[PDB]
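Data first, discussion second: the structure below is written as structure tokens.
As you look at this complex, bear in mind that one protein chain is not there, while each of the others sits in place.
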Amino acid sequence: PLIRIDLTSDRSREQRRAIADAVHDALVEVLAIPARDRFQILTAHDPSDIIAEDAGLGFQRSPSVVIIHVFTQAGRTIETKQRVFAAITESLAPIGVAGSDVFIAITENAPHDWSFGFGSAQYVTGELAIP
Amino acid sequence: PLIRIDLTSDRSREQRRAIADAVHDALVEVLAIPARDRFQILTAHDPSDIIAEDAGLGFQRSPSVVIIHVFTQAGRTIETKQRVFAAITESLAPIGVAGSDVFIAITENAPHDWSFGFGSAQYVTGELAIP
Partner (left out) sequence: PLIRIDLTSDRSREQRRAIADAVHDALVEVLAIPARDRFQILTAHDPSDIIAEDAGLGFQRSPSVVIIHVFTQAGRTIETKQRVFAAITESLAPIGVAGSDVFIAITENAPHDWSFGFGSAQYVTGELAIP
């Protein structure tokens, strides 16, 4: 999967990387992807640039929001996706990211929609095994 | 929906926030989403980092391009999406964004592809109503 993590520049570089590490540990545990199937883009913002409310659920967030956008191939069940959300949030709690400040979205594609390098689609050639 | 708004640094911090306000308000009007269903990431770029032309439609854009990438649940009709494009662009005009400088894209997913926080999939649990 390719993960876009948009968070706030108020967080230290150390913590930003820990957040990234946390997200990856979680996906590996839940999804059983290769340990090295790690592809993440960390974009830090002034908190004013991230606006994330509650869709009327009834809770507030701090300014230190963390938005995690997961681009992964289709196939995963609803419960597996629920597991991902729970796993990521839990792994982020101890490293200073509150549950209220996590927002997660999934966007799917297919195996043939990926090139890991060298201009090759490794799922299509079979060099890389599909989950 | 999660809205990625990429625009340029020549626009005032004030104007951006206003741009963001107008896009949200447009979506509440056309999509009838909860008023607090606001999830936006603002990335201001050096204009050289955004290259948006006209696909041969025969018009020019200022360097101050504004690209709106809407990530929303599948199900909206073709006509509703047209209403969204038009409402957004009409709301941006008075704010200082010419019609030529707007570009909008929609990318879809499922209700079970969202966690609004706390590690839960609110659309799945029933904590949050589905469109």
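A and B are the chain letters, set down in written order, and residue numbers restart from 1 in every chain.
Everything that follows uses one rule, which is that contacts are C-beta pairs under 8 Å (C-beta built on N, C-alpha and C of every residue); 3 or more make two chains touch, one makes a residue touch a chain.
Set against the missing chain, the residues A:15, A:43 or A:64 yield one that touches it, A:43.
Considering A:18, A:20, A:50 or A:52, the position touching the chain not shown turns out to be A:20 (whole complex).
Interface residues of chain A facing the missing partner chain: 2, 13, 16-17, 20, 33-44, 71, 107, 109, 112-122, 124, 127-128. Of the residues in chain B, those that touch the hidden partner chain are 6, 43, 45, 48-57, 59, 61, 67, 69, 78, 81-82, 85-90, 99-108.
What we mean here is this: only the chains that are shown with their structure count from here on.
For the pair chain A and chain B, the distance between C-alpha centroids works out to 21 Å.
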